[PDB]
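**Student:** If you want the building blocks of each chain, they are given just below.
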Amino acid sequence: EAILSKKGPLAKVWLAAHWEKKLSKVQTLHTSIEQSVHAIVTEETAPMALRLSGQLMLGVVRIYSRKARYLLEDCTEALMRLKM
Amino acid sequence: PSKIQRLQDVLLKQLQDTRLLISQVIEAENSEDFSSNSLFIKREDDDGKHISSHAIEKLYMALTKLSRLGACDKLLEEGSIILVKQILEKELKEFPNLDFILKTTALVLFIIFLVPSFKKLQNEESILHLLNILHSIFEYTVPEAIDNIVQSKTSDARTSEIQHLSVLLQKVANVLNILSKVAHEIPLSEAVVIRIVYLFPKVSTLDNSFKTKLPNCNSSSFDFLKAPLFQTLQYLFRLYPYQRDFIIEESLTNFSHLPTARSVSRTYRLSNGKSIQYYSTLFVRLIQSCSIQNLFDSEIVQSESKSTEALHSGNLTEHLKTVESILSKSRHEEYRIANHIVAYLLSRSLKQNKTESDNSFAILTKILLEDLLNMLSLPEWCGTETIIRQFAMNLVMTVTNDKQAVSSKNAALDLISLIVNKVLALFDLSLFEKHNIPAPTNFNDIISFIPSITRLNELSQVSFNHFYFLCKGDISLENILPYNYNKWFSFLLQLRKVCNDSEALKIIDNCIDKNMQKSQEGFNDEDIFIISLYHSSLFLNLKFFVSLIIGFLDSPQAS
Amino acid sequence: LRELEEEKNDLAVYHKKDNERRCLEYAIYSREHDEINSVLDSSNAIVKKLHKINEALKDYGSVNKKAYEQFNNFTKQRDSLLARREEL
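Chains as they are written, first to last, in the authors' numbering: chain B, 5 to 88; chain D, 209 to 302, 320 to 748, 759 to 794; chain C, 200 to 240, 949 to 995.
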């Protein structure tokens with residue numbers, strides 16, 4: 005039902021894939037992955053097709069990339085701080 | 209009791225009552241074995257007993273009374289109350322007991338600063354145990370309430386747990402105020418000061434975490450907590466210079482974790498009707514201390530002579546010329562502190578290196594400067610001038626050389642416009658005069674000054690006695706008086722200093738024969764605070780400062 | 200972090216070794232100040956001994972005595988980073 009409401013994290017990742025990379029800041033970035041996978045693995049919303057599953061896969065991998073990049077940045081900063 | 213010709217009866221009476229409580233509770237803990245009364249409570253393990261917070265508060269009231277009279281040099285605590293602290297620690301080494326122990330620490334901290342004599346009955350170890358108590362119950366005790374508000378059943382939960390946090394923050398406000406008391410009064414060790422300056426970042430990290438996780442914004446209690454820390458930091462800054470840098474070394478670091486939006490950055494309003502971010506008052510507060518001199522007297526054999534316009538009879542001009550030695554410790558250290566900070570943050574926040582300045586670290590600084598503008602005009606601060614002029618002496622450095630990126634030359638210019646658009650419309654266009662008791666008040670706005678500026682001398686008489694009563698009992702605005710004077714007397718010398726005045730700078734020795742009379746110390760007012768800003772380089776060099784735009788209209792480049 | 204923790208252990212046993220400083224500090228402080236600069240205005952051999960071991964930790968005393976709290980903070984931060992990598 006991710007298209008209609010904003011209950012599940014499937015809606016959030018759908019927004020991330022559909023609109024753009026922006027409009028999803030760090031405070032709302034920290035979402036779940038396993039729930040999104042177990043929501044996409046079952047049958048999708050009112051359009052029974054695969055196109056939406058492809059968009060959702062693009063969204064989850066984009067979120068994955070952005071979270072990994074943020075972790076890299078924090079680890080670089082932590083190295084800099086311990087250097088002193 | 210109550211005596212109108214004296215108080216000695218009141219003093220000895222209350223001292224008797226207190227020593228009575230002493231003996232009473234002592235003989236109690238001695239002779240109490242299973243008696244349950246209004247002073248103690250027998251624990252669930254009936255082997256245990258501990259004071260009622262009632263008796264605790266009674267002791268607190270007793271010391272509160274004895275404070276205003278100060279019988280510290282008049283009491284036996286040695287093996288008299290040392291045992292009290294022994295009982296305390298005995299319990300301490302291990320919700321109701323938590324609040325109670327908060328009452329115990331509040332009271333004994335009140336006990337400690339009572340006595341300023343040589344012994345004072347504290348070996349600087351139990352106090353460190355109390356600091357350990359506070360830090361341990363500070364660093365992983367408020368996150369349980371964090372979890373209980375953000376991960377509860379989420380049903381009326383926004384109005385079911387926050388009041389516990391509010392009353393806890395009130396309690397830690399009480400203990401922070403008494404910590405400020407002990408920090409200013411007694412001398413300290415160094416492990417303790419490292420401990421407290423390391424306490425502060427935990428405050429800043431957890432309240433940022435709260436402001437990020439839940440946008441409920443009812444965080445005025447966090448401001449109640451944040452307010453008294455900077456007082457202790459200022460005291461330790463002024464008093465212990467051997468690690469004066471070190472606190473600075475972190476005070477800006479926590480500046481990175483700040484609210485990154487306007488609706489949350491605006492905080493406690495000012496008197497003149499403006500709202501600022503309260504964290505900003507830390508920076509000015511440190512240089513508000515800046516070790517202003519306090520030995521104003523006791524440097525010359527004598528006060529003023531009778532005829533200074535012929536010879537400094539009696540007093541020594543070189544002894545009068547010892548002030549700049551001290552003022553060098555003020556002046557040549559103020560900018561030294563001001564450049565550890567301005568140069569650092571402007572270095573990062575100007576360039577767009579790696580996803581922090583261009584992301585947010587150039588936004589926190591751009592609101593800090595605005596705060597520093599609005600809080601400039603007001604007399605309870607006086608370092609805002611010497612801080613902002615350093616921003617000018619960095620921006621003008623940047624746009625000269627071509628060794629910088631294209632956007633660097635854009636962004637630094639915008640911060641110039643914020644200053645000039647406020648400083649030019651600040652006073653120059655509003656009054657540029659006075660009419661009640663003014664000087665001639667019309668001259669060139671350059672190094673040229675007023676020959677008949679003796680009128681300004683008595684103008685700086687009010688706001689000196691006026692600034693003496695307004696913080697008589699309190700110390701949280703102690704350094705405001707000497708800075709707002711010690712940075713005008715030097716200008717009067719600097720006016721006597723300049724050049725080429727055969728008897729023309731001897732009327733200013735007659736003005737020295739008027740102001741140096743205030744070496745015998747103090748025996759509308761808003762605008763007078765402004766006029767002294769027209770001796771700073773900021774207001775004075777404005778034409779040489781607008782040079783970098785008007786004579787920079789045409790350019791090699793186009794951006 | 201492992202090396203900073205070992206330096207923390209050094210500065211901690213140094214907090215038992217500055218305990219000698221504090222003990223002779225309390226000692227000298229009370230005895231010489233109180234007695235022979237109030238009421239008028949054993950103490951040398953082991954005193955110079957310790958005072959040369961006092962030279963010794965001040966040569967070790969390139970101060971990073973911040974070690975306790977910094978170790979705690981950075982240990983907790985490392986834990987958080989490790990957990991975030993595992994979820995990734």
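Bear in mind the hints are in silico, worked out from the structure with no lab data behind them. Positions of the beta carbon are idealized from the N, C-alpha and C atoms, including for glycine. Incorrect hints may have been included.
Below, a sample of chain B positions facing chain C; criterion: calculated Cβ distance under 8 Å [stated by the list, open to error]:
{"hint": "1", "residue": "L19"}
{"hint": "2", "residue": "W23"}
{"hint": "3", "residue": "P51"}
{"hint": "4", "residue": "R73"}
{"hint": "5", "residue": "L75"}
{"hint": "6", "residue": "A82"}
A few chain D positions that, by computed beta-carbon distances, are all more than 10 Å from chain C [claimed, not checked]:
{"hint": "7", "residue": "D241"}
{"hint": "8", "residue": "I290"}
{"hint": "9", "residue": "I419"}
{"hint": "10", "residue": "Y423"}
**Student:** All hints are to be evaluated individually against the structure, with a verdict given for each.
**Tutor:** Hint-by-hint comparison with the structure:
1. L19: violated (21 Å)
2. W23: This hint is violated: B:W23 lies away from chain C, its Cβ roughly 24 Å from the closest one there, beyond 8 Å.
3. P51: violated (31 Å)
4. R73: Check failed: Cβ of B:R73 comes no nearer than 11 Å to chain C, outside 8 Å.
5. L75: Constraint on B:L75 satisfied, holds at 6 Å.
6. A82: holds (6 Å)
7. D241: Answer for D:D241: holds, closest chain C Cβ roughly 37 Å.
8. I290: holds (16 Å)
9. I419: violated (7 Å)
10. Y423: violated (5 Å)
The structure fails to meet hints 1, 2, 3, 4, 9 and 10 from the earlier list, while all remaining hints are met.
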